[PDB]
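Enquirer: Here's the letter readout for the chains.
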Amino acid sequence: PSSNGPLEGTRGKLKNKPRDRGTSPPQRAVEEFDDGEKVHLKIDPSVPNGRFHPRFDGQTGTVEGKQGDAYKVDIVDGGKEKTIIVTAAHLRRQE
Amino acid sequence: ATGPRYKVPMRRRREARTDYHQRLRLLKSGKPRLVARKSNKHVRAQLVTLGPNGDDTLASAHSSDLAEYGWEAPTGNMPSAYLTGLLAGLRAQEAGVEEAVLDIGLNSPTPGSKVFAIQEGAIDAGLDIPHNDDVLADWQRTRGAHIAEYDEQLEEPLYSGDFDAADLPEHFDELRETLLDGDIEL
Amino acid sequence: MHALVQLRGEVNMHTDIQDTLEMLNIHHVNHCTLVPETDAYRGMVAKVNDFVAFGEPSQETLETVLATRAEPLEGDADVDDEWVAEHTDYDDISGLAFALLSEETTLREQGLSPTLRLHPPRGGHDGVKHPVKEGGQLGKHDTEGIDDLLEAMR
Amino acid sequence: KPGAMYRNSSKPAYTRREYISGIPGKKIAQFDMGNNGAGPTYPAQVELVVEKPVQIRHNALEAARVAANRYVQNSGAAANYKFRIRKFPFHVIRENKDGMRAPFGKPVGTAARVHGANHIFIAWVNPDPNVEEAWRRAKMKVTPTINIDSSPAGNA
Amino acid sequence: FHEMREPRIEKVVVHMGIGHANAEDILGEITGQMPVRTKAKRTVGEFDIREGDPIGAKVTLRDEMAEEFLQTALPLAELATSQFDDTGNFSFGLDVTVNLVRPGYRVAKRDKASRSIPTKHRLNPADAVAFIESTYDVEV
RNA sequence: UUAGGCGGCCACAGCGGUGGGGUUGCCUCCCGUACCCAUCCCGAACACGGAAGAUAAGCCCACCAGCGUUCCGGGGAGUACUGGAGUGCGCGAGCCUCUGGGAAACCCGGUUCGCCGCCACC
RNA sequence: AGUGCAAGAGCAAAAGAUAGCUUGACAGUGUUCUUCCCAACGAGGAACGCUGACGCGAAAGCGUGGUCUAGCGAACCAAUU
RNA sequence: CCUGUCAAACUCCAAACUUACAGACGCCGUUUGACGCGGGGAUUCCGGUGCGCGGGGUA
Ligand SMILES: [Cl-]
Ligand SMILES: [Cl-]
Ligand SMILES: [Mg+2]
Ligand SMILES: [Mg+2]
Ligand SMILES: [Mg+2]
Ligand SMILES: [Mg+2]
Ligand SMILES: [Mg+2]
Ligand SMILES: [Mg+2]
Ligand SMILES: [Mg+2]
Ligand SMILES: [Mg+2]
Ligand SMILES: [Mg+2]
Ligand code: NA
Ligand code: NA
Ligand code: NA
Ligand code: NA
Ligand code: NA
Ligand code: NA
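Chains as they are written, first to last, in PDB author numbering: chain R, 1 to 95; chain O, 1 to 186; chain X, 1 to 154; chain J, 1 to 97, 109 to 167; chain F, 10 to 29, 35 to 107, 128 to 174.
A portion of the hints provided could be inaccurate.
Distance condition first, Cα-Cα at most 30 Å in a straight line; then the derived DSSO-like pairs of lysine-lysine [unchecked claim]: (1) 7/O x 72/F; (2) 7/O x 72/R; (3) 28/O x 17/R; (4) 52/J x 117/J; (5) 42/R x 7/O; (6) 152/J x 117/J; (7) 41/O x 15/R; (8) 55/F x 41/O.
It should be emphasised that the hints constitute simulated quantities derived from the structure, not laboratory data.
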């Protein structure tokens, strides 16, 4: 990489297909999850806040409590355990 | 419409019926919404909750089924709104609903407006709702006084046949009084 | 149910490929195992496709090989009809064979090593640089094709 | 410089003029020859087909075209036929002309990438294939071996 | 069908596009109600570089205020045809524009469930000439 | 749902067009400014008060595929590309065989002129 | 289109424009991610909280500076609260 | 309308494939204690080649 900022090489993953462009539906930004639930991490290009580091796009973690309205999701980066602060807007129920 | 890349608004935005930015803010509270809506002739009040396939209305009141309790006056006015709010609020209470946030859809937050009257009613019914007292009408106007005085400048009945010639803010009291005890569907 | 025989060594073969053979209980060249025809097992043999010989053997052939190269989970003991009868659910090799072919049981389930340690092919095989359709010995075989290999390695 | 230096298609496609400046102009004079006023309303249609993917420098295109069309004057300056070279030299080519240090070359030309089996030239003629000859001379000035193919023409 | 299809005047805009005013006064008397400032956009050579800047006024008249005005405006104009909108409007003159449309226009001007008026229900140049011409004057 | 309100999915729902519908549950347009409220100017809008009129807009209902979109059949195509293997071919660039996957454009024919949830309601 | 400035991304009853008001560019203290994928490492940065005090709004709510990723600096010493 | 071509810093499309998590089979672990935790001791931080994919370069 020519630089090392968080958004380095995120042109694709943080861009919407032309038709999914524009404010996203509120339903999924208000979704409620319970501790223990499995959630898929995926930033919604249209929603600025509640994001996590792009490197974790695609992960599937375990909700374990929350902080404010945001959720605390536990994932395992390679072999390291990490806790991610993320809002519902960027989460989806597994299965 | 024009091509593959074209962006078509969400249906309720096309229909110019739902303000999604306000909606999200509303849903933040995590509380039920007190949906205050108006029509040229009527005023509706619903207590809506969030659902898997769409909203769920747990209690509602329409200015039309107000007569069902002794309403013999027009239904597109202030006194009408308040009562419809109180009615819906009561049914709300019966349903086990204790609090809600006021959703006035695409209407304007004008002081003394009917939506706020609806809000006042629901609150008095027992519903706990975030509000601001000096944005509401001064009781008398809610009673329908502004209209009675307007008919004082008579010369010709404000009401085409309807009921009374000089109107009745008293009819208002009789009804509120009624709603505050017993009766069916409450 | 297919018969699997490793015909190519470990040196230079992908690790994820070698681990697969190992999960199929084959850890040496000329070692054979019997595998049920399932989705899960099918994917495994496909991955191993280039270093092995496989196919559905005939009742007879299986019996010859079972008799000749079957072993107890532990020990020298010859697996003959009597052994089969005094140690398994079946009454003789044929009975076991049939059960294996109809995928009703497995060598382990009957207290036998999952591996049939074969002998080099008498007369030599068709080569390990080309598949069957090319005259080689790698890949899926005919029942008649597997039988010949198995019998030559009896 | 020799074609040996640029005939292979081993490098990335390099055609974005928004990020490349100083690109030499093309030596190819025309792409439509003959009676361009008329449309392919001819009985016979022969094509020069390249048999290997290669890069053809605008240099070779011009010499190949000239040698063919300049010859198609066995029919006359205003003869009845139309000649078309369908490819354009999009690929920008460099040269490192310090040693291997900071070697990214400077633009020295352009070339066209042709895949084996594509037709680089297409001529339209009435039963009067002098064009077949114009091409024996054309594939003479381009890197690859070529196939002279005739399409509408069962007049053998 | 008709009655709700017959044209009507919706606002008449009288504006004086000056280039920097004292002109409001006359607009107030010529119409009958306060004029509104006209800010301009973009910086330009006519020493008009100022973005927010009074550069004229306008007056939107509705109902009687519009008629009582046209009842003297029109007479001071001759033109017609070609000088008409494709939507049945027309501007003449100091400018005086007349916006014309049919009964259900509020549908496109309100906040809730607003909607664009269908081409069929739109007012044509012709259907416009008729209405007005049929009101104290002549076309072309 | 003989017309409503809040929505979920967010073009299968868009764009365009045709036909039908209202003494009333209704929604609208509509009529009107004493009030609450309102226009940097206008009761246009917003807000309030109201029914003389109308179904022409909207809206609801039925339908049309010309454009856009979704999915499907057949063709393109098991082509392009590709994970694994080869003492197969080729001066080479590169190609081929076996094995496991497998497209896009485009053409022709169907589909699509929304679906679903909660509440209210001759 | 615009949104201060690279490039890429986000944004339409707005994240843009206009008007008005306001000083949350607030004090204190944390959680987590980043810096440094995996995998230890400081300053710095960000996300998301809490406590306190405030601004605006009918209210839900928004405001931990600028829509997002650059704009930064140890110990010793000095000055300052 | 017709007709001729392209893209590492284009995309209406779009693989093979890589990858998070979960279940199943396999293999493995519960006297051979896996997975993991804590601690002691290093060596090492000139690498090279083949194949696939590369970027630079006439090579
Ligand atoms: Cl994060
Ligand atoms: Cl409403
Ligand atoms: Mg990329
Ligand atoms: Mg043993
Ligand atoms: Mg021998
Ligand atoms: Mg041999
Ligand atoms: Mg109609
Ligand atoms: Mg911010
Ligand atoms: Mg020092
Ligand atoms: Mg100092
Ligand atoms: Mg990769
Ligand atoms: Na979106
Ligand atoms: Na130098
Ligand atoms: Na040649
Ligand atoms: Na001003
Ligand atoms: Na209608
Ligand atoms: Na830090």
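Enquirer: Hey, residue 7/O versus residue 72/R, does the alpha-carbon distance stay inside 30 Å?
Expert: violated (34 Å)
Enquirer: Does the alpha-carbon distance linking residue 42/R and residue 7/O stay inside the 30 Å limit?
Expert: holds (22 Å)
Enquirer: Does the structure keep residue 55/F and residue 41/O at a Cα separation of 30 Å or less?
Expert: violated (44 Å)
Enquirer: Below or equal to 30 Å on CA atoms is what counts here, so check residue 28/O against residue 17/R.
Expert: Roughly 28 Å between the alpha carbons, so the hint for residue 28/O and residue 17/R holds.
Enquirer: Take a quick look at whether residue 41/O and residue 15/R sit within 30 Å of each other, Cα to Cα.
Expert: Distance of about 47 Å is beyond 30 Å: violated.
Enquirer: So if I understand the rule, the pair passes when the alpha-carbon distance is 30 Å or less; does residue 7/O with residue 72/F pass?
Expert: violated (37 Å)
Enquirer: Under the criterion that the straight-line Cα-Cα distance not exceed 30 Å, is the pair residue 52/J, residue 117/J satisfied?
Expert: Distance of about 27 Å is within 30 Å: holds.
Enquirer: Between the alpha carbons of residue 152/J and residue 117/J, is the straight-line distance 30 Å or under?
Expert: holds (26 Å)
Of the numbered hints given earlier, the model fails hints 1, 2, 7, 8; all others are met.
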